[PDB]
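There is one chain below, alone, in structure tokens, taken in the form deposited in one PDB entry.
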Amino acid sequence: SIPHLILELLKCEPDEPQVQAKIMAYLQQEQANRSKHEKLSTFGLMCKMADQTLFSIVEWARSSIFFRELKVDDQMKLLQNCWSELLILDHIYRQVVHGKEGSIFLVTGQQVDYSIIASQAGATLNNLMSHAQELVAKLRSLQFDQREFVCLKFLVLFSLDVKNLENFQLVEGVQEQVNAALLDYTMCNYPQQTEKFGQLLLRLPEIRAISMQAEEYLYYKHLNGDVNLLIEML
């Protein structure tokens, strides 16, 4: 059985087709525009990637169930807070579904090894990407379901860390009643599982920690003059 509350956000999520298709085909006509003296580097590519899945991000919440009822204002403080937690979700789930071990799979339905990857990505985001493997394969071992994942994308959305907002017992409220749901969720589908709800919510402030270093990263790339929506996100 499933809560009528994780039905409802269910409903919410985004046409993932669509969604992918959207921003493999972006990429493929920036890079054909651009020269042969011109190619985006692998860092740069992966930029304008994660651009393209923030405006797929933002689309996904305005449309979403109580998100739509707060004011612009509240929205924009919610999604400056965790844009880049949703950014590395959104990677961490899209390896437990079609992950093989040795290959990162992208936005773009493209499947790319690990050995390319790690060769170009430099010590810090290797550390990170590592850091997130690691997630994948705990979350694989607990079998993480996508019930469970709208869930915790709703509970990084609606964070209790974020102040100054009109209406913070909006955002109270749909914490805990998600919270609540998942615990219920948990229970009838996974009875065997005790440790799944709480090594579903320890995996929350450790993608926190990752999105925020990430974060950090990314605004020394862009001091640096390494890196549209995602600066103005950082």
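Basically, rigid core = biggest C-alpha set you can superpose within 1.5 Å across the two forms. Positions refer to the first chain, counted from 1. What changes on going to the form deposited in another entry:
After superposition on the rigid core, the C-alpha displacement between these two forms reaches 2 Å or more for just one residue among 142, 162, 118, 97, namely 118. The rigid-core alignment places the CA of residue 62 less than 2 Å apart between these two forms.
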Second form
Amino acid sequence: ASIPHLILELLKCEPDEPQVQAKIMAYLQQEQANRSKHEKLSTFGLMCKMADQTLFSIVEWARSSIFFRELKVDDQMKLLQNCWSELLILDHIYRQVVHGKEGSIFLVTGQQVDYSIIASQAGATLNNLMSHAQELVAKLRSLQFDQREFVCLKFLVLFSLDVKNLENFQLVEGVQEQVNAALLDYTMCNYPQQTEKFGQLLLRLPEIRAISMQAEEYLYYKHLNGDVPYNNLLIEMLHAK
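With the form deposited in one PDB entry already on screen, would you show the form deposited in another entry?
Just the single chain follows, nothing else.
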């Protein structure tokens, strides 16, 4: 791959993915081991703490990233409050593209679950969320979505023009302008045979927003039933509005 130098800068805070997967798996195993035979977390609670740990890893990614790290804390907060669930969705779909296989979901822990298990055991709301996510993964697999493009999309999600009241809105405009330009340069040089790749990638962004909102809605009802564990980042973001 020829890579725009800007995208090389963006790539510098990417984690070693399989290391992070293993760290999260080890965390969840330690959580369950700290618990007696009878106080073990439920599947749903374990999956919430997995999403929680993923969010920590996302926050560590953003706080250390070029550009983001020059913002004041209160600007950082505003950005992340806007995109946290889009970034968890984006993280998820990219993981399915590069580590996953058709027919199963690849969890951040490295474990795989057949969608047919989920279809037979989950309710309609979760099933519909899984269906929509699958459509998105299908699109991104079809496009041969890669790490260079993924990091551009993360930045375009994070530096959102939807966010009001920023102290440094100019940096958001700069990220939008310069990351779009780098992404187009990248796709045109590396996937010339896909003449519309740039625009097809960009068309996934409102779809990621929609999914993220449906996901928040699902978690919100699960919270209303007391089922979401608390004292964590995940539940705080959900309540921040």
